[PDB]
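Asks: Listed below are the residues making up each chain.
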Amino acid sequence: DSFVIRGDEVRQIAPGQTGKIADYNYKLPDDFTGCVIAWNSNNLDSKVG
Amino acid sequence: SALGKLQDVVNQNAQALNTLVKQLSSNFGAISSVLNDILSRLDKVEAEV
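Line by line, the protein sequences are chains B and C.
Under the authors' numbering, the residues of the first sequence are numbered 398 to 446, in order.
Under the authors' numbering, the residues of the second sequence are numbered 943 to 991, in order.
Some hints could be false.
As the list claims (entries may be wrong) - Derived DSS-like pairs (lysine-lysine); straight-line CA-CA distance at most 27 angstroms:
no.	chain 1	residue 1	chain 2	residue 2
1	B	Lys417	B	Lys444
2	B	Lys424	C	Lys986
3	C	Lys986	B	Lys417
4	C	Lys964	C	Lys947
Claimed, not checked - Not everything, but these chain C residues come out facing chain B in the computed CB check (under 10 angstroms):
no.	residue
5	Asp985
6	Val987
7	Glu990
Note that these hints are calculated values from the structure, not bench results.
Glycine included, C-beta positions come from ideal geometry on N, C-alpha and C.
Given the sequences, and given the hints that come with them, work out the whole structure.
Replies: Here it is in structure tokens:
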């Protein structure tokens, strides 16, 4: 599952949490079996404009 | 005092029933003895504990 979010919304990706991300667009089940991987891509995706 | 044995048997049965009933109000280390109170509280992942 590949997606880009805000740096403060990383805590909402964890299963069984709150927030707009975990309740409106992307929610993980309580029996999620896997790992969550995230890294910064400021110099890759973000633009000065 | 003639039917003391029967009275003691009945009293023991009644006391066992009353103790089994009253053992519901205990917390056993939880936050409250009422399940509806725990449901109207911290999320399911933390309420299962």
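Asks: Each hint should be assessed against the structure and marked as holding or not.
Replies: Outcome of the hint check:
1. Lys417/B with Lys444/B: Cα-Cα ~25 angstroms, so holds.
2. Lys424/B with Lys986/C: The hint holds at about 14 angstroms.
3. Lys986/C with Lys417/B: holds, 18 angstroms
4. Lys964/C with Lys947/C: Roughly 25 angstroms between the alpha carbons, so the hint for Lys964/C and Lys947/C holds.
5. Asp985: Holds, about 6 angstroms.
6. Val987: Holds - the Cβ of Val987/C comes within 10 angstroms of chain B, reaching about 3 angstroms at its closest.
7. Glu990: holds, 9 angstroms
Figure legend: structure checked against the earlier numbered hints; every hint is met.
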